[PDB]
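Shown below, as structure tokens, is a lone chain in the form deposited without its partner chain; questions about how it binds or moves come after it.
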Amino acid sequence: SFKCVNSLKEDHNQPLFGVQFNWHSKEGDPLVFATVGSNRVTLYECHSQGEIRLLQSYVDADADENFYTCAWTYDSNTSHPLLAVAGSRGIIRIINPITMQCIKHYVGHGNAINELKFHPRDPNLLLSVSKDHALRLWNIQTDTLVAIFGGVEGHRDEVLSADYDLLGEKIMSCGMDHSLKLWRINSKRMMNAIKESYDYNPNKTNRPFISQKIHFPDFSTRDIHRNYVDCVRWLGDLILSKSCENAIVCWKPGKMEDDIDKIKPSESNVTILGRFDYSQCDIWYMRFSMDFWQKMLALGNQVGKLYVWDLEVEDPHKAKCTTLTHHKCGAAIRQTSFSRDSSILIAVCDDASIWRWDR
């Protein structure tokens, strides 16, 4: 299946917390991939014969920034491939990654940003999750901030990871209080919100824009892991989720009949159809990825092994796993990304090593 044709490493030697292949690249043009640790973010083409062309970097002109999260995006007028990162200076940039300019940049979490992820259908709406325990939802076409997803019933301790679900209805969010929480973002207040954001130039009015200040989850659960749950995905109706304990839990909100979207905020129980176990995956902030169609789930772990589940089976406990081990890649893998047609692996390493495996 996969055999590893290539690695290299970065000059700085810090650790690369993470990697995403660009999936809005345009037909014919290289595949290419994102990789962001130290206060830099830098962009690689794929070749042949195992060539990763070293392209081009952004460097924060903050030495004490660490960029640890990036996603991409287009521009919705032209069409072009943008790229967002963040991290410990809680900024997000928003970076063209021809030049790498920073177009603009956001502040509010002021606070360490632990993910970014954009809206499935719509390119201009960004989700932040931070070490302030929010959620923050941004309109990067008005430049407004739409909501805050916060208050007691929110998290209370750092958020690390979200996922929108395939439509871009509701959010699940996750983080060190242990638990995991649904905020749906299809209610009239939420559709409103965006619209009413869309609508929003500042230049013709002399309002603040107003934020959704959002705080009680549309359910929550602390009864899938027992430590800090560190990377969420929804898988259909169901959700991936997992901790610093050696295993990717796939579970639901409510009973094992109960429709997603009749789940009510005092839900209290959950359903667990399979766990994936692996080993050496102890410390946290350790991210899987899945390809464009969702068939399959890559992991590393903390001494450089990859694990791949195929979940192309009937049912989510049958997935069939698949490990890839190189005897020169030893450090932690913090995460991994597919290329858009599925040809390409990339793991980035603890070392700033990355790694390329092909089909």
Second form
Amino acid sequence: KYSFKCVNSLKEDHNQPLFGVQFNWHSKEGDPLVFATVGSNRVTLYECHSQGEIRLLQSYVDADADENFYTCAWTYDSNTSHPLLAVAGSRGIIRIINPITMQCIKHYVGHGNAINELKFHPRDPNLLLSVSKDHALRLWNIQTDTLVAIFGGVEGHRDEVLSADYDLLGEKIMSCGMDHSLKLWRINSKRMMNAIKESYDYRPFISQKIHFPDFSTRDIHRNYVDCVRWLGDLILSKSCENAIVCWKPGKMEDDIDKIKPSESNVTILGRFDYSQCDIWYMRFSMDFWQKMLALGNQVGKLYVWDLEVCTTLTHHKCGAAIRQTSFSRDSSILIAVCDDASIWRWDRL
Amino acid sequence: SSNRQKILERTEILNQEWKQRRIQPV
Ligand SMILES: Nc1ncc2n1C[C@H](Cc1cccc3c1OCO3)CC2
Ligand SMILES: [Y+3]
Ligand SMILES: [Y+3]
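Switch from the form deposited without its partner chain to the form deposited with its partner chain bound and print that structure.
Now the complete complex, all chains and molecules, led by this one.
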């Protein structure tokens, strides 16, 4: 159904892998389409214009030449509507950047190691989720500069957490990582709702230590799980086994909100099969309305599936691993970022 | 599918919250 044309490409002069890309979905209709890229010690902003034009806006260069940004995520200031960009990577430092000036507003130290992904709560712009090499997830309230909770410990992940996602209403998180597991952490529990409210009321702040998840499975994939997203009440997750698996906790007819923490079953609903994406750390993405699913492979091919029912986007110059993709909010534009620092723009026909 | 109906209604709620917002351009 969906068709795209490659209208432009460029290469960042640092020539290092680009691991993250995100359009700013908070921009109002009528405002310019903006996306950020992250790789090496760099954070770069670009604006999309007519006739495939990619306009460089500003570049953030970390004073630490050894920093390697892995992820970025957009939010806004709850009081002034001002756009904000969070970035993190190998150093395990979260930096809140002002995207209009490209200067860092503040930074958070805490994670014992590298941060693999950042996500903002879909309803509360102040709630930032970080997943780390230290086997834990952390929830921060960036308005009061407090660590709300740490998800890890006794029954937490046993190796690096690679990805996590909030569901559409921000009531729960699914995380995944190097231990091959996918774990559910409910944040609409009376305990978590109160811990969030308390973070707004803030002796130093006492963070919740959540050692036990609400569901756990190691029965979906047989290797590192590097990307997870909610698709309604269902889950989309992938490993390096050349498939995105669509699955759900419990038996076929089990309600996600009735799943007990000891639930032993999983139900597979289907698989999105592809090829040459058998290396670790390759993200898939969806558009805002979750009508499209995109994933790049290790040789520069871009797969796009229609979620309401597969298109393969290739260019002879795009041969490097596509680490992540991002759709514009209206889904008219798809950007792919690569291991060789190249950026590819695909416009919907 | 019933899950698609859940997606539609929940994304519509988020889009309405986005439509009520006027975030400053980058
Ligand atoms: N652990 C580790 N070793 C080496 C790296 N990382 C994690 C890091 C970030 C990452 C994590 C999951 C999926 C990803 C992703 O980048 C693009 O797709 C990339 C490089
Ligand atoms: Y409690
Ligand atoms: Y506990």
